[PDB]
Amino acid sequence: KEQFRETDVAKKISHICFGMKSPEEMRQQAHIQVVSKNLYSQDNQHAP
Amino acid sequence: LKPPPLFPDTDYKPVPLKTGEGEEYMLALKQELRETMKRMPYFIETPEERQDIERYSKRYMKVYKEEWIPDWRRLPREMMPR
Amino acid sequence: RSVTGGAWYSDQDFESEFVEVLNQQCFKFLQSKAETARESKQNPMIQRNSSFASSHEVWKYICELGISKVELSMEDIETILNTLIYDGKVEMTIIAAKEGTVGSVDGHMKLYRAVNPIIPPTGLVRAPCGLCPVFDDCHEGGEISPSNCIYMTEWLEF
Amino acid sequence: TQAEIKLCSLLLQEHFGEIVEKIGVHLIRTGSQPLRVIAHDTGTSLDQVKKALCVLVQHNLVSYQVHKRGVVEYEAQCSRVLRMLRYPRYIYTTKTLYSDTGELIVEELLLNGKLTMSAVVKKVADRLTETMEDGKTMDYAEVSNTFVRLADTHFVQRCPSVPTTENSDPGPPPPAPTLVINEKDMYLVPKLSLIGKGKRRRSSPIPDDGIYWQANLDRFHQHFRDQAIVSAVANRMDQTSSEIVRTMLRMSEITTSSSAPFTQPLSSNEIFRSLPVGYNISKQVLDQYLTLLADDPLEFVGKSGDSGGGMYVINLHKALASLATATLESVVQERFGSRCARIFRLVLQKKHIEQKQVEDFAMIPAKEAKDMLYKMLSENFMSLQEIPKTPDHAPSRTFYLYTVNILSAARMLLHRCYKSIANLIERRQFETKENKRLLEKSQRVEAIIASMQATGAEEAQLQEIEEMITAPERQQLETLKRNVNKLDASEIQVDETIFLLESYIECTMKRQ
Amino acid sequence: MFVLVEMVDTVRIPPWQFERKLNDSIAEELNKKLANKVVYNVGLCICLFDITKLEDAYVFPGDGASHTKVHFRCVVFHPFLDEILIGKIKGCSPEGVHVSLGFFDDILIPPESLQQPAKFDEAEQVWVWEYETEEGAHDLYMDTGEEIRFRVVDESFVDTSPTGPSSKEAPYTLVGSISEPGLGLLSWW
Ligand code: SF4
Numbered sequence: 003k004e005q006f007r008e009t010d011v012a013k014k015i016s017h018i019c020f021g022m023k024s025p026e027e028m029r030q031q032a033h034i035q036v037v038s039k040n041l042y043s044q045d046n047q048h049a050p
Numbered sequence: 032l033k034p035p036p037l038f039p040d041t042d043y044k045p046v047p048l049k050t051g052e053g054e055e056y057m058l059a060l061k062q063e064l065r066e067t068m069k070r071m072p073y074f075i076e077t078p079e080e081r082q083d084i085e086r087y088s089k090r091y092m093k094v095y096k097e098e099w100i101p102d103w104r105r106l107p108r109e110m111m112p113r
Numbered sequence: 159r160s161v162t163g164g165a166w167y168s169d170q171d172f173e174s175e176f177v178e179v180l181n182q183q184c185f186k187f188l189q190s191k192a193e194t195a196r197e198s199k200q201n202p203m204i205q206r207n208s209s210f211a212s213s214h215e216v217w218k219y220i221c222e223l224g225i226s227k228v229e230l231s232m233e234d235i236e237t238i239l240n241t242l243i244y245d246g247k248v249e250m251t252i253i254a255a256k257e258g259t260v261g262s263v264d265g266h267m268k269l270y271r272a273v274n275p276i277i278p279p280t281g282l283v284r285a286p287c288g289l290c291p292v293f294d295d296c297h298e299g300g301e302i303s304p305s306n307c308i309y310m311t312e313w314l315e316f
Numbered sequence: 002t003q004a005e006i007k008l009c010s011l012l013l014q015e016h017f018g019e020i021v022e023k024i025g026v027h028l029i030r031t032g033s034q035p036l037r038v039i040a041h042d043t044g045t046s047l048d049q050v051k052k053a054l055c056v057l058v059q060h061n062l063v064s065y066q067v068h069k070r071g072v073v074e075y076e077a078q079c080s081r082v083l084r085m086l087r088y089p090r091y092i093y094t095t096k097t098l099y100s101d102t103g104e105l106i107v108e109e110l111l112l113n114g115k116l117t118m119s120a121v122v123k124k125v126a127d128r129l130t131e132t133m134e135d136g137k138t139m140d141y142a143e144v145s146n147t148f149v150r151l152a153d154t155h156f157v158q159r160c161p162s163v164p165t166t167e168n169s170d171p172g173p174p175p176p177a178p179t180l181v182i183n184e185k186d187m188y189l190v191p192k193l194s195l196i197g198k199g200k201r202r203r204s205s227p228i229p230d231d232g233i234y235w236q237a238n239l240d241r242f243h244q245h246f247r248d249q250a251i252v253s254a255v256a257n258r259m260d261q262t263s264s265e266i267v268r269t270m271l272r273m274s275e276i277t278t279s280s281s282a283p284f285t286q287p288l289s290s291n292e293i294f295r296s297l298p299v300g301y302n303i304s305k306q307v308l309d310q311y312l313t314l315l316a317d318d319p320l321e322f323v324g325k326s327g328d329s330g331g332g333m334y335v336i337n338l339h340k341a342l343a344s345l346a347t348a349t350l351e352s353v354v355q356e357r358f359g360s361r362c363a364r365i366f367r368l369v370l371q372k373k374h375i376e377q378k379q380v381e382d383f384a385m386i387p388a389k390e391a392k393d394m395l396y397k398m399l400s401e402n403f404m405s406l407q408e409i410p411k412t413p414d415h416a417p418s419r420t421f422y423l424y425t426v427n428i429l430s431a432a433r434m435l436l437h438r439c440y441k442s443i444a445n446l447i448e449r450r451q452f453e454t455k456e457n458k459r460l461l462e463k464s465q466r467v468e469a470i471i472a473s474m475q476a477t478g479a480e481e482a483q484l485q486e487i488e489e490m491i492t493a494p495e496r497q498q499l500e501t502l503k504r505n506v507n508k509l510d511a512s513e514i515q516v517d518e519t520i521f522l523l524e525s526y527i528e529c530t531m532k533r534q
Numbered sequence: 001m002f003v004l005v006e007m008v009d010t011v012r013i014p015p016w017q018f019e020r021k022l023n024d025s026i027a028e029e030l031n032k033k034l035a036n037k038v039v040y041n042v043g044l045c046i047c048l049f050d051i052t053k054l055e056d057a058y059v060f061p062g063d064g065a066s067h068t069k070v071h072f073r074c075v076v077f078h079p080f081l082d083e084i085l086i087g088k089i090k091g092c093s094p095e096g097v098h099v100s101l102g103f104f105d106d107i108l109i110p111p112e113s114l115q116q117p118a119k120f121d122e123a124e125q126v127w128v129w130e131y132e133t134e135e136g137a138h139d140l141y142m143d144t145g146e147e148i149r150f151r152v153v154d155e156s157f158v159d160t161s162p163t164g165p166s167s180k181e182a183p184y185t186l187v188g189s190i191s192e193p194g195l196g197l198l199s200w201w
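Protein chains in written order, with the UniProt record's numbering: chain H, 3 to 50; chain R, 32 to 113; chain L, 159 to 316; chain W, 2 to 205, 227 to 534; chain E, 1 to 167, 180 to 201.
One chain only, chain H, in its complex shape:
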C-alpha cells in the first residue's frame, strides 16, 4: 500500500505579476556559476 497523490495538475492562467529579482534569489535560481573565459577545451575534441 502507498500514500495517495493527486494525479492531475490541470490549471488555467489568471494573472501575470511583473517585477525584478533580488541577487540572493537570483543566485538561488541559477544552477551554477560560469567562471572560465574560454569556450572549448584545448584538445581536438572541441568539448566545452
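If you're looking for bench data, these hints aren't it; they were derived computationally from the structure. Beta carbons: idealized from backbone N, C-alpha and C, even for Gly. Some hints here could point you the wrong way.
[To be verified] Which chain W residues face chain L? A few, computed with CB under 7 Å, are given here:
{"#": "1", "residue": "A348"}
{"#": "2", "residue": "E356"}
{"#": "3", "residue": "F358"}
{"#": "4", "residue": "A363"}
{"#": "5", "residue": "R364"}
{"#": "6", "residue": "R367"}
{"#": "7", "residue": "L368"}
{"#": "8", "residue": "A384"}
{"#": "9", "residue": "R449"}
{"#": "10", "residue": "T454"}
{"#": "11", "residue": "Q498"}
{"#": "12", "residue": "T501"}
{"#": "13", "residue": "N505"}
{"#": "14", "residue": "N507"}
{"#": "15", "residue": "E518"}
Since the structure of chain H is provided, determine the placement of chains R, L, W and E with the ligand on it from the hints.
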C-alpha cells in the same frame, strides 16, 4: 576553473571573549529572564484546540486560569474579552 | 622623490622591516622615559615634562646602537617619527617648535608617551559574525548561514 | 531597515510568541492603522488581534490615537522593540545602586509593563519570600522606601493618567479614553502605610488606584553614558581624574539637559565642597586638575567662564565623538592591523590626501598602500571626493582626494551590529531546535529523578535511571550549554557597543 | 476506529458513459479513484460512504467529457491512541512482534510493550515468554497466532512523495501494547 571553497581562510580571527563574576551574573540573569516571560497571561500562547476523542481524563488535567483584564479605563471601549 | 624617497627608501622598499623596527624601538624607548615620568608621578607639571621625552635626545638615542647610521639629522628621523605620529599612537602636544627641543622634534613625545586607549575590543569583534568575512554574505536563507557558517561553527566550536 | 525588522520579529518570537509577533511585525511594517484593516490584512480572528494589541499596549509597545472622523489609529514604536535587550543592564545597575529590593522592584515593573504602588510593593514582598527563610519576615516599609528612593533618583517614572470623565466630555464616552500625561507629579510617589508580611508559599481596595508607574529608560541611558565617560577618563589620565569626572558629572546630572552639548556652568568651589571627603585633596589640588583637564588637547572640558576662579564645562557631544572615533578605530585595527588604523587616522587628521602623500607620510611600501587603499575603499570606510581637472570630471582629468564620513560610518557599523544580534539568535535557536529532542529526553528523566524524592521513595532509582544513553551525552549537553553561554556573552557585549553607536548617532541628530 | 470524513472533488466523465444515470457513474468512478489507498492525514480510505451534493455539469471547450463537482463523505481507517484491538500475528522480529489486521499489517509490538520477564529467545526468532509460578519459559508466540488482544500506544504517518527531478515501507504506522494483564493471547485469560 574551480570557484573557491565557500569558506575562505582569514588571517585575522575574532578577538577572545571576556569572563568574570559580573559577566557570569549577567548570563545567569539572562537565563532567568528567558525562563520567566513564559509564565503569565501576557505570554499569549495559542488557545487549546482540536480535541481528539471524548476521553474521561479531561476532568482532571484541564488548565484553569483567570481571564486577564487590565485597567480598562486606560484602553478604548472596543476590545472587551468578555 | 625617486632614489631619495626619504633615505629610508633603501633596498627600494622604504626598508619596511627597518622602518617598522625603528618605529617600534623609538616607541618603546620613549615609553621607557615617559614611564620614568609616570613611575615618579613627578609633581604633575614635571611628570608631563619628563613625559616630554626629548626628541633631540631621542635622535641622539637613535643614532647609536647602530640603528640610524643612515641619514638621521632631523629630516629623516623627524619624518619617521611623524609616520608614527600618524595613527593613534600619538595626540597633539607639540606646542610648536619653540616649546621643547624643536617642538620635541615633530612632537615625538606628544602622546606616544601615553598611547593608553580607553576601550577593550568591541563585543562585535569578539563574536564570529564580527570578524566573519562573509558577515553580510552569510545570507542565512542561502548557502552561507549562521546555522552552518564555518566561522560561527569554529568560533563556537572553541 | 530590514535587519531591524528581523530583529523586532525575533524578539517578539522570543518574548511573546507567534500571534503577537505577527501583529507586531505587521504594524511596524504598516504604521498607524485602524483595527478593522489590520484584522482584514492579517486575516486572523479579531479576538487574537484584540488580545495581542492590549498586551502590547500594556507594555507600551504599541499606542492608539483618536483620528479624524472618529476612527482610532493604532501605531507601534520600533525603537521600544529594542529595549528588552538592555533589561539585564537596567537590572544590574539598579542592583548596583540599590539593594535586591530595588532589583525586584525594577524586575516587576519591567515584566508587568506597568504597576501601581500597592501592587508592585505587594508583589515584590510576596516574591521575596523565596529569598528569606528561618522565620524572616518582609514588610512593605522597606520596599516603599526603596521605590521612593528610585523614583526620587529619576529611575522610576509615572505613567500617563486617564482624563476625568465628569470634568471633560460628559455624556457618552469617546471611543478611546485619550490619556493625559502630567509632569508635575512625575516622581510624586503615592502615599501609603499598609504593610503585609510575605506568605512563604504555604499555599494556604487600592488606595493608589490608577497611579501607574514605569521604568525610566532615559535615566538608565544617562547613567550608562556617565559610566562610559568615567571609564573613558579612567583609561585616559588617572583614577583621580576619573573620580573628578565622576564628581562633576554628579552635580551636572541634577541640573543639565540630556540633549544639550554642554552642561550647566559649574564652579570649582561647588565641586570641592561636594567632592567626597574620602580622598586626600585640597581646593588648590582640585583647581590644578581642572585647569590641566581644560588644557587637554582632546578638549574634553572647557573653561567657559571665570566665576569663582575655577569655572569649567564638560563637552558631552565632543566626548561622544571621541568615543565614536575610538570604537571605529577599534574595529579597523582588528580587521586590518595597526597599519590600517595608521593610514586612516592619518586621513582623519589630513582631511584631503592622495596615495603618494599617504605613502610618504607612513612609508607604507609601494605595492602595499595602494592595494590596501583600494580594499577599505571597497568597505565604504573611506569616501572618495574626486575633484576635477576639467568640468567633464573625466578619470584622466581628476584628482582622487580621500574624505571621511563619521556619521555614515556609525550608521552602517550599527547595521552590522544589528545583523550581528540577529544571526546569533538564529544560531542559538538553531542549536536549541536541533537539540530539543535530546533536551526533552533528558528533562523527562531528570523530572522522574527529582519527583517523589521528598515522599521517601527507595534509593534504587538514581543509578538505575542513569544507565540510559543520555549519560554519555551530558558532556554534549554541556557543550551546547557553554556554546549558548558563549553566544550570550557576546550578545551582552555587542549591546555595550550599541550604546556608544546609538548615543552618538542620536546626539549628532538635531531632531528638527 | 472507523471514521467518516467529509470530502469534495471534481471528476471527468468520458462521453460513452452518458447512457447511465449520472450519480451511479460518478459514484463508481469516485470509488475506483479513492478505494484501497491511504491519506497522509486521516488514514486508510476503504470506500465512499455517500454522495451529498452535485453541481452543474460543464462541458469545457477542447473536450467532450462533462465535468462536475461532488460533495461526498467516505469511511476511513484511523484508530485512535489507547484503542483496544484484536489482530493476528504476522511475524516475530528482534524489535518486536509484527501483527496483521488482515487488510492492514503495519502493526509492531516492541519488546518494551512485551512482558518484562521474557526479553530474548534461544537464538530462535520465535518470541518466547516467561512468568513466575507457571509457564516455565516454555510458551512462545506463533508467527500467525490468534487474534491477540492489544491496545495501540503510538501511530505515525510518513510521507513518500517523489524527490528531485523525475527520471518501500508503508506510509502509515502504528504501535501496540501488550504488557497489562488480560492482553495478548486469549488462552492466557
Ligand atoms: S557567516 Fe556566520 S559567523 Fe559570519 S557573519 Fe554570517 S552568521 Fe555571523
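Structure-based check of all given hints:
no. : hint : result
1   : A348 : 5 Å, holds
2   : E356 : 5 Å, holds
3   : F358 : 11 Å, violated
4   : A363 : 6 Å, holds
5   : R364 : 4 Å, holds
6   : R367 : 5 Å, holds
7   : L368 : 4 Å, holds
8   : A384 : 5 Å, holds
9   : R449 : 4 Å, holds
10  : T454 : 11 Å, violated
11  : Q498 : 13 Å, violated
12  : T501 : 9 Å, violated
13  : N505 : 5 Å, holds
14  : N507 : 10 Å, violated
15  : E518 : 6 Å, holds
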